[PDB]
Every structure is written in C-alpha cells, then in structure tokens.
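Coming up is one lone chain in structure tokens, specifically the form deposited without this ligand.
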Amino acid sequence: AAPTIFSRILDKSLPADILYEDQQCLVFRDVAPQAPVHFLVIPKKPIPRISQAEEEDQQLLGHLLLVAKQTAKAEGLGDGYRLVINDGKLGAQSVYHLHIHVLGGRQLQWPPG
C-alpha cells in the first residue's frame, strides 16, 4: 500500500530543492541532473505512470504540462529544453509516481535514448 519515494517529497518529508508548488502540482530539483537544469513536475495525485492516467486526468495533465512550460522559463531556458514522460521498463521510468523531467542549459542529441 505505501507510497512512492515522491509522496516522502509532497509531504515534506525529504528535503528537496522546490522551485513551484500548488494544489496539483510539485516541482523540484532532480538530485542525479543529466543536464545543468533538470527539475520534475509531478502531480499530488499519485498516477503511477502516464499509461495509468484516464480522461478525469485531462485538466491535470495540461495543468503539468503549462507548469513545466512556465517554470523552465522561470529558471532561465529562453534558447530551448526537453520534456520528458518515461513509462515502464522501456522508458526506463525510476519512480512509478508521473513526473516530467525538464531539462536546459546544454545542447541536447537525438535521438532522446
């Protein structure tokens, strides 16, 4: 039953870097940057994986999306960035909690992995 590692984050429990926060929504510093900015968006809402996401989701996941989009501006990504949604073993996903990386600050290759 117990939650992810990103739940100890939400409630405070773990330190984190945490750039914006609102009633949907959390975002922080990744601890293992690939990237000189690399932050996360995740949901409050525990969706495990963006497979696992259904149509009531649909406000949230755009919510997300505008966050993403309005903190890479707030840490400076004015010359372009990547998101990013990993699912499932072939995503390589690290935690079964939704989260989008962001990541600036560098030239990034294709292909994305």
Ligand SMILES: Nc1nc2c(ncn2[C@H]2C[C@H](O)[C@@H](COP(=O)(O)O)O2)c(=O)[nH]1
The other form holds:
There are 2 protein chains.
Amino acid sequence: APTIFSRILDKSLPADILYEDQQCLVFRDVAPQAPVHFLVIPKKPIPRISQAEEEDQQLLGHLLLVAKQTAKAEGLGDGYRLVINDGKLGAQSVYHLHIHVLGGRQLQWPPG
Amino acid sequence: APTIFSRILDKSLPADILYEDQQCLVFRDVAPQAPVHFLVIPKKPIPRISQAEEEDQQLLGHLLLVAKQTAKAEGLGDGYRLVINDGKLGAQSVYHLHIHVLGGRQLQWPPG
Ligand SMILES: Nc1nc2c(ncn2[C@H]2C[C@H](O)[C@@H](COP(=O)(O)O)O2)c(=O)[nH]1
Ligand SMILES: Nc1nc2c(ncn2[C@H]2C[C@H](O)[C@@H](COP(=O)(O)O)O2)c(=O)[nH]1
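Can I have the other form now, the form deposited with this ligand bound, not the form deposited without this ligand?
In what comes next, the whole complex appears, and the chain from above leads the way.
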C-alpha cells in the first residue's frame, strides 16, 4: 500500500512540483543524476510497469506526453532520456509507477 | 524520411521479430546491451519522443503495454528497464520513435 510517493502526492512530504493534473504528478528527484532529473508519476497507484493493464493504456501515453512537454518547459531541446525500471534487475526502489526524465548533460550508453 | 527501421519494417533488412500488430513492431537489437535487448517501435513513423502529439496518446501507452507483455514472454520477472532516448544529449541514433527493453542481467544506476 503506502510508498514514499504517497507522502509526495498527499503533500505531507516536501517535493519540488513542476506540474500536476487529475491523472498524474511531476516532481524533481531529491537524488538528481543530471542537472535536470524529475519524475512523472500517475495518481492511480500502479506499483510496477509490469503490473499495468489495458485500462491504463491512455494513462501511460499521457505520462509519456507529460514527460516530453515537461522536458521542453525545462529547456531540454538538445536531448534527454526517459527511464522506467521494473523489479530488482531493473534496480527499482519506489514501487509506484514513475517515468524518470534526465537531461542538461550527455547521457552515455549503455544506460546502466 | 527513410531510416534503418524503414528497412526492418518493410522487411528488406533482416531482423529478429518477437511481435507485430497494426500499430507497432517488436524486434531484437543487433547490438544487445543485455542478454535480452529488443526494441518496441511504432508503425506511424514519429521521429523523436519530443515530436509526439496528443493524437499519439493511445499509441504511446500501447507501445508501453506491448513492451511489458513482451518482457513477460521473454521471462523477465526478476526485472528489466525501458529507455527512450531523445536528440544528441539523449544519445539517439535511429530517428524513429522506439522503446528499448533491457533485462536478464542487473542494470546499474545511473542509467548512463
Ligand atoms: N524528490 C524525491 N525523490 C525521491 C525521494 N525518495 C526517493 N526518491 C527518488 C529517488 C529515485 O531516483 C526514485 C525511485 O526510482 P526507482 O529506483 O526506479 O523506483 O525516487 C524523496 O523523498 N524525494
Ligand atoms: N536489430 C537491429 N538494431 C539496430 C540496427 N541498427 C541500429 N539498431 C539499434 C541499435 C540501437 O540500440 C538502436 C537505436 O537507439 P537510439 O540511439 O536510442 O536511437 O537501434 C539493425 O540493423 N538491426
């Protein structure tokens, strides 16, 4: 049930909010891996990306659209990287579905 | 206009195909960065994730759903990572929208 992102959502836990709508939240990462590192999280509290269903189709695309328009607002026109980690081999820590958005520096390959 | 993925789509260029529907293609990466590394590409030839529009909403979520169900089929229950690179700071090479899917080994942090 409750995660760290429960506390960011309900506002009890201080977070840097860049965007909010009825479907999702967008806030900065407290451990930034790039000059701009923010998280695009839904409001329906889907734990992992592998635990998503057809009912979440329109919502996942929306999370992607929100991420790229938030990438623009923060002046990432020279490029950025979106990352969704699953389970332990994915190195997932918070078990609320979120899209990482990283830019303002050159991301390398492999991506971990 | 034409990209490498034009040649994989129209089938002139040999590719390892794991899935195909009317909306997208799913094929292995020729330069695998993990024991399982495949690409989830749409059929509507959107160049970058930052050049996507509201009309592509349902299609982006579908690409994500296809990626996670293809993650299951290839036995990634211990975890995996999805990656969408944009522009040059993203280190994008093919300018057709695609979701990288990597697993079957432990992905590290940062993701590049
Ligand atoms: N802004 C903020 N981010 C957090 C907090 N706790 C964890 N995070 C971030 C750090 C990670 O980059 C991210 C979880 O990523 P993942 O390992 O994919 O679940 O959430 C917090 O209190 N504030
Ligand atoms: N399977 C296959 N993959 C290719 C070929 N050419 C390029 N790729 C892959 C390698 C990269 O991992 C990916 C492009 O990633 P990106 O840099 O994000 O655009 O496409 C090919 O001929 N066959």
